[PDB]
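Okay, so here's just one chain, in structure tokens, the form deposited without nicotinamide-adenine-dinucleotide.
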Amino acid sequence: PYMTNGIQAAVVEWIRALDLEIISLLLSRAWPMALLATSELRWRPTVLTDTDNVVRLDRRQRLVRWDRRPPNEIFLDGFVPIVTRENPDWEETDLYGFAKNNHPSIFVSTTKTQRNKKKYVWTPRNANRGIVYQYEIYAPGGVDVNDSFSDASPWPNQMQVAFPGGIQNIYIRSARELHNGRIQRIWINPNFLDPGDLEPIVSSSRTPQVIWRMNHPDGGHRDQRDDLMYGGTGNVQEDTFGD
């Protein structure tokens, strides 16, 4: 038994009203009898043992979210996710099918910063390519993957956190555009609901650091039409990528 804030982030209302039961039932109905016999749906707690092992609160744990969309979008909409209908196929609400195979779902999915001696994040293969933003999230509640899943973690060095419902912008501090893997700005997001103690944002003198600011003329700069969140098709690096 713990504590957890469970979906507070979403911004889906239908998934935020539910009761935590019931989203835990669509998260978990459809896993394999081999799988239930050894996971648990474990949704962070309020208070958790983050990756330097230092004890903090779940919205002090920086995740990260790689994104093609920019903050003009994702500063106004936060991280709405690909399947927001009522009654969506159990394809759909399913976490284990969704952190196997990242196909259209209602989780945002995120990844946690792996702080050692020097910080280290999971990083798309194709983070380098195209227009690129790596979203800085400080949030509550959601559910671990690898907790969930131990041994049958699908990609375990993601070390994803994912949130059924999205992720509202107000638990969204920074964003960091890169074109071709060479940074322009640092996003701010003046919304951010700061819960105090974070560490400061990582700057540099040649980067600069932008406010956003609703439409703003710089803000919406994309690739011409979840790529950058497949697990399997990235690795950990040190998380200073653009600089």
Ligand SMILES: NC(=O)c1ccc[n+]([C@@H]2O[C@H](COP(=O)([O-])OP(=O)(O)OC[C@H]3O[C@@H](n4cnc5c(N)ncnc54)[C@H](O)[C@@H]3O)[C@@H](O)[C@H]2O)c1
Second form
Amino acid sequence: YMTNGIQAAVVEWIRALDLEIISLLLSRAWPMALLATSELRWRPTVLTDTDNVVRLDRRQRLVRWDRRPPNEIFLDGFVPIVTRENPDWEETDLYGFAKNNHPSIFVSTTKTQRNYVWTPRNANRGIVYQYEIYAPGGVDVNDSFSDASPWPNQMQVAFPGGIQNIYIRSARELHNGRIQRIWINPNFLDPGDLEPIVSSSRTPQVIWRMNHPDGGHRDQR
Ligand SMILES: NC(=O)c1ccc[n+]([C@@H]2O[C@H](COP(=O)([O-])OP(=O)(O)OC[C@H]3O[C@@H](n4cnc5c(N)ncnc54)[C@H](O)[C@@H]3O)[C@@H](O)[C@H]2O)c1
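So the form deposited without nicotinamide-adenine-dinucleotide is up there; where is the form solved in complex with nicotinamide-adenine-dinucleotide?
In what comes next, the whole complex appears, and the chain from above leads the way.
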């Protein structure tokens, strides 16, 4: 199969590396029992989506729940927690990231259940943003581990080296589980043929700019 791999990554050293080397970093720390059963499966260029419709990888609607507001995310994209050129093996391991979610090179997203999406534990408390992502490549976590996948309901697509801001279309600003705004990313590279952004008439759609006055709402640290 063909795959775009790490094309969406923001970290330059992960961008520049070969697919075999990134695959090595992701799989090397897997137990021998897991390596016997599992293989590292990247999202293919052509895939079967959650409604059994065959789509391009860029047209699969992914989402990321994140506490950080558009003034950072639309500006920087999704930069992973570990960006350094010589990370520890713990920080590059897909299985440990999928299982425990310790600091790593990966950015977590989830597939839109075309039928709804997986919701985190405290999504209905505080200020949370559901970012809409249309990106190439990424690692399919369920296809990689199969029944050994620790949290299969998450439907996780992990991105080693992050996600560029050009692949983020929009963001739903929720205050205590209630939508306030729908942010529109002006720098979104539109691949064409996408559905309109999911919206009721009551929710205002706001075109984002750098340092937007309403664009930095967040929880207290
Ligand atoms: N994020 C999602 O929408 C999503 C998708 C699928 C599965 N999950 C699962 O949910 C659980 C929680 O994971 P998560 O993705 O929310 O954890 P995370 O560590 O990626 O991020 C939690 C919080 O850390 C902060 N943060 C993230 N990246 C940062 C950075 N580079 N610099 C500074 N602060 C940063 C943000 O406030 C974010 O809300 C895990 O089990 C994960 O597998 C989450």
